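Coming up is one lone chain in structure tokens, specifically the form solved without its partner chain.
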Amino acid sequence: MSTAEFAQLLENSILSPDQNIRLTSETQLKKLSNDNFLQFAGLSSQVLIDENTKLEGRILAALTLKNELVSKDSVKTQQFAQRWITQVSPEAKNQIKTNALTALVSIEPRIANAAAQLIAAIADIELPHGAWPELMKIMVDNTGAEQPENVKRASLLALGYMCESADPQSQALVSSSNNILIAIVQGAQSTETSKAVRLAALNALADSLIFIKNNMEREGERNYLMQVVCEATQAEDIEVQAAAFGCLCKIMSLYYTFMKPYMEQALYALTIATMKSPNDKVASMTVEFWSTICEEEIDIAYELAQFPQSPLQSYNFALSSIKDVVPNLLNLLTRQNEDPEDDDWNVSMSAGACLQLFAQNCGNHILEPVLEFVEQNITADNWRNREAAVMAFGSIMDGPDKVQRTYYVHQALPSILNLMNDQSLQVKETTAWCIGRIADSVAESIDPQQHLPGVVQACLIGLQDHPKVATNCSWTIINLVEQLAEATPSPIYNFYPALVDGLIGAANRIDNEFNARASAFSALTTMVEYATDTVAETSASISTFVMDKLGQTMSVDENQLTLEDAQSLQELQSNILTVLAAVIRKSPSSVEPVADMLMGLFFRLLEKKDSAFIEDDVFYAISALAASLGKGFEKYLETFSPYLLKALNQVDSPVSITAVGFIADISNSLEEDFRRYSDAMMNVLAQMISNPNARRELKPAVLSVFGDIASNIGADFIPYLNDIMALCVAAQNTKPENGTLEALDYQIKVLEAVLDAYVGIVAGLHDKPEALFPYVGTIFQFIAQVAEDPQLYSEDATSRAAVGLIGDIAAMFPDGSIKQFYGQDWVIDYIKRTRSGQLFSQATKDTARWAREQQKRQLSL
């Protein structure tokens, strides 16, 4: 094939309006990437530099090559990397790299950009292996003083892209961090004519910061970088200014420990002075700088409480600066958007957020300046000042001590509730939020007789106001109820009928503008969840309403709906279904007569042409109906089964995770009438986890439902025991697929599922210890991971379950055949931590006592 006809092949694969030409070209290209990757990659690179091929064809060549080298799927990235390494000759790789570097210098920024991404993808693969030694040197060369502006810019973009796409824990970019910094500092220095080069250099700098820790440990290099970034804040271009403050933020975020000298010599005064900048975004960046300081200092204070001996150490920057920073935060609150419906982020929102962080970090120290400003401005004639006063007051409701907050709530609450009558939409919106902050953080300060009637009334007024106010009032009512339903004389239930009535009115508005209708439905979910036998009449009001409202949506001809109304109907039904599921669950008492009617609607909803959007919500309501009926659900199983088996096998769709949740629901609701579907469910589940096309969230879901099945079928599970235990072992030994926070949190989810599997299996087999024996050591390996990993043990339910397994396995083996596991220090000590752990519940402590008693029994044997 020639360059020209490979170009035409790419253009056809999407840029052709014939669908059939498209599929054929797509397919031919895939065959080509598979049969001869060398030639595929080669031709891509020479289409990219072909000055005779049209722009988008050259750009396509780069981005389609890049997408054959690099992926967000870990196994695919590992596969693409091995293909490039083994299937392409070093000589061909050389030409492709050379071509990518030629395209990088294109005077056409769109070409130089796609080349930048491609260079970064090749670097991803090659730098870890020490292939491409020339690259970092070329990047230093390309950013050098004498280079064209475009060469400098595109090279900084490439380094930028390199740093982004690299694994955050990788060693390649760390080992060449000097040359990364040289190139970046060459573009970011004030000696540079181009605002585009400086911006690119500072943007690349932010991306590089994690990889330059070795340069940051050296005083001379750290001093020089800080000098460069500070000088950049003094640039005439205001985009360069924000980017430099952006770097200062990130640097503070990652290198807090080196910041004291720079704060003292330059940064404290600089950042506090440009807080007064007329440029919203620059003023925002300095506010974010201080937000970062607070965040760092809050984390340090939490580290000296978790591990009281710890190395790290606060410098109390925020606390020292209150006299300068806070008054500047207060003035910035008055920079709200003129349009009350504008929503877009601005410095006044940055300030509010920073002020909240200052209250959390600095505590009672924040009180004096803020309360002053609140008193000064709550009765002011400018709406900007009255809204700023309520923002400021709501911002200090978390942090100061309980005695201070309770006192100032008492003083201020009447004047705050009066502001619900204000003529400014902005004031009322913020007032509604401030009441929710009071309710959420200082609920005890709301006297049931003195304050609560007025608080309820204000929420009722706001639900009837503009949607922006109504949305905040719903979330406030949620806070109110969540907080005041635990009280021993609980006063919130007296207001249930009127609150529920206001929410029903609000859920009934014409649309969901500013999320006011959806808010009201969520609030109704809370009302249903928290209801008591005392408020059955008003709980029946909600159920009547949502049934009524569901039947109204289903009579609509969807064919006739506009783009906006289609979107709006979908989400309304979603909202209705969510409350309905809660109703079914909270009160399985009213459920069995309407059950044939409910299921008739749910099936109809699954036939509804746009069922994809609501099928999740429908499945969740069916699940709730199942749990409510137990055996009474079985009659629906044969008509529902077709839908269920289809959803289960949609392994790349979130409905399959919900469908697994359904098996968990019926196994628990039928439990031993469940035995007869169990073998067939086991086979289906084994194929769903074997499937490569599976959504990642499904592995945890499938592993957990094995525990539910085992729990409910008991000794019948034994033939499946070895297969399931092998999936759990392989799961518990799987490390994070990379160094990101997302891969880590997924590892934790898998481990939490393995725990659920072990819990179910032990319970189902508690009368069959011989079957479980060979796996006891493996279950203790997993327990040792819970005791070692903080993201596991510090979780109440995870610790209760793990220590519950310790004690249950003990009771299961009174013969002393596993007693050696029970004389281990780690086991004894982990039991003691769960017993003591200040932030564990009394159910978690009782479970640890039980494991301790069982453990002591084991030592006697």
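Residue numbers count along the first chain shown, from 1. Between two forms, the rigid core is the largest collection of C-alphas that superpose within 1.5 Å. First, how it differs from the form solved in complex with its partner chain.
Aligning the rigid core between these two forms and inspecting 433, 496, 603, 80, the C-alpha positions shift by 2 Å or more at one residue, which is 80.
Core-superposed comparison between these two forms: the C-alpha position of residue 468 differs by less than 2 Å.
The rigid-core alignment places the CA of residue 47 2 Å or more apart between these two forms. With the core superposed, residue 511 shows a C-alpha displacement below 2 Å between these two forms.
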Contents of the next structure:
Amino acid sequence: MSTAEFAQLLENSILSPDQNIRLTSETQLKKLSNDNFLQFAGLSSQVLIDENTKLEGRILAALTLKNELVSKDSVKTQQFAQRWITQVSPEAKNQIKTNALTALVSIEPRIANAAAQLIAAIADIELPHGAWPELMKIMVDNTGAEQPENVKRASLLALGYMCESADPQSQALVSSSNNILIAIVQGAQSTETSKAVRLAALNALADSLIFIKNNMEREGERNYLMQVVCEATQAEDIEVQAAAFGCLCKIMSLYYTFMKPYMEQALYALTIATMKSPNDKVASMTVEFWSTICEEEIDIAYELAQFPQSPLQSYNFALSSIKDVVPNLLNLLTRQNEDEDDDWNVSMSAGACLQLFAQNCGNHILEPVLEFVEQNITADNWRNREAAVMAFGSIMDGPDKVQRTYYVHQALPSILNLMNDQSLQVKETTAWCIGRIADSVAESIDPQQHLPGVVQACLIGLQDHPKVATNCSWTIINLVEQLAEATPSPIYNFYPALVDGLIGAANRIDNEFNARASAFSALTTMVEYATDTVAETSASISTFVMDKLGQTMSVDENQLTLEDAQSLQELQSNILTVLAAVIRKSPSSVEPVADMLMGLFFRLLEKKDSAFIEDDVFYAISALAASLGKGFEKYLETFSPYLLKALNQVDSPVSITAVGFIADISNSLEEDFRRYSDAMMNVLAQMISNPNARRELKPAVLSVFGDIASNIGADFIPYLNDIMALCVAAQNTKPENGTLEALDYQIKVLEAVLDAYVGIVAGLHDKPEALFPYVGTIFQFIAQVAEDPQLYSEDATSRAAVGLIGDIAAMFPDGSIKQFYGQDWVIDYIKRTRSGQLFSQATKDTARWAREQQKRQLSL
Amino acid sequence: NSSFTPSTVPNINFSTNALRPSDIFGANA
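What I would like now is the form solved in complex with its partner chain, since the data block earlier showed the form solved without its partner chain; can you produce it?
Next comes the full complex, this chain leading.
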């Protein structure tokens, strides 16, 4: 294939009016990349520089090759690296690199950008292997003072992409850091005339920070770099400042340990000074800097709480600076928007920062904030009163109970009075502030003196502007959550009134500013905390939601706009969520209405556009099944088609909820579940084997295996091997990336494996010969639990895992598995779980059981 | 005195004076 033919393929792939020709071209391109990668890469690089080719085809050439060289998936990354190294000949490599460098200095910025990304991908492969030594010399020379602007900027882009494209948790660019910094800082320093170049340099520097540890450990280099960054924060151009402050914040987060001299000698004074800028963007920059400091010092405190002997040390920047920083933040609170728009601004950032200060510094925040509140809560300007309640609410988390209780008692009359303020913004924030008081120190509201006035303010507010009503629903949730646990609880005396008020807000005609949905959410809370003493109010909710569902189903949807229809769907979702909670909370009350409910649910399922609410319908059907037990069997024939269709819609979230139905009936049908188990297993085996399955399906299915095994017991043995294979495969799957999303997903998978093993060990309690060949596998998983804090720090996870240690031990008194019970990590894990006081007492009891059984195992 | 004692007089010359990144980074000077 020639350059011209390849270019024609690319062009046709994106520009042909004929979709057939587009797909044919894409297939032929991928096929050449598979059959002759050397030629594919060479030709791609030649089209990149071919002026005779349309711009989009040249950009596409570069980006497609780039996407065959780097990936997010680490495994794909490694495969691409080895393919470049072994399958592209040295002469081909040299030609591709030369062509990419030619395109980098193109007068067309789109060509230059694509070329920069391609250069970055190749560099990410070669520099860690001590290759392409010419590149960094070219980059350093290219950002030299007398180079033209486009060459500087394109090269700085390439350096940024280089650092961003490398794995964050890697040493791939360490060996190049010196030259990277030279090239980057050359563009960042004050002598550089182009704002675009300084911006690109600072953004690249931010990208590079994770690769310059060795440089930051050198005092002279660290000093010079920090000097350049600070110089940039004082630059005249506001975008340059913004970029430099991004750098400063990232440096503080990554290299906190080195910041004390820079804080003392300059940054404290500088950032405090600019926090008073009349420009909201500048001030916002300084605010973000101090929020970063607070976040890091809170994280240090947390880590030292988990391990008192960790080397990390806080310098207490925030604590020492409160006197000088906090008054400026408070002043920023009066820069709200003169309505309604709700768009973010510096005043909201300053509020979040103030809350970080209070969490980090406790009682030290009180004096300046309380002074501001006193000065402004009765001011004539609505901005000052709103700022006052914002500040007061923002210090309710951090200080000790004595101080908070004292000042809540002192301020509650004025705060409740602000619920009658003429300013909508003031009332909105006042309702929020009452929620903050309730949420952190609910006992601060004296049951006789102020709780009736608090409840009354919430009830009036639910009838106010929807913005106020939403915050009143949130506040009611906080009140119930924080007061229900006390015995007696005062909040139950107000349950009828509260419920009545919430029903009224749920009966709003619209959901403007989320006031109606929020009310439904609070109703769910009311249900979940209801006691027998307020049984009647529970009944009131049940009656309301059932009737309400009926009402929504009288609405002719062919007279609705798209927006109208979305509103109706969200309302039906709110209703069905509360209804599911009602059904689960009082199973005895459900039988008489079961038929009617299913009649409605099937109707909802047969509606056109049922795909939008079918998830919530399945949640309610599952709750009804759980509550009726064997009484649900009469609906199974009619429900089966829907269930199977939902289970097979592996792309849609409805399949997850359908798995949740299986989980419910496995528990609620008792003996009667066995007659369906085989069919369920078959379906599930297909589902988890479907490549079109969304990721969230995998953990759900794993967990439900545990449910099934738990209820069918020995009937599970013929499936055991297959299921164990799945569990093993799942527990040995590394995170896809180092990103937070991949690690969190992996945690979900491991949690589901824990569910599976718990259910299996419970089900096979009497069949140790069936479990025996998997004990070591289970112990490998448990070791994973003991190693990763995202697992063992969770009370329920540790309770289940240490429970497995004990129960498995109890199943084998023959000593056939005693070899696992002498391991230091097992003993240590049992002891950490038994002693850690943030673990509940049920967890510690389970750890005791595990310790008894482990010691007995060593006795054998 | 290993405590945070900031100055109200900022000075960002942590080391106008001429300075090259090439003379700093990797320079060991």
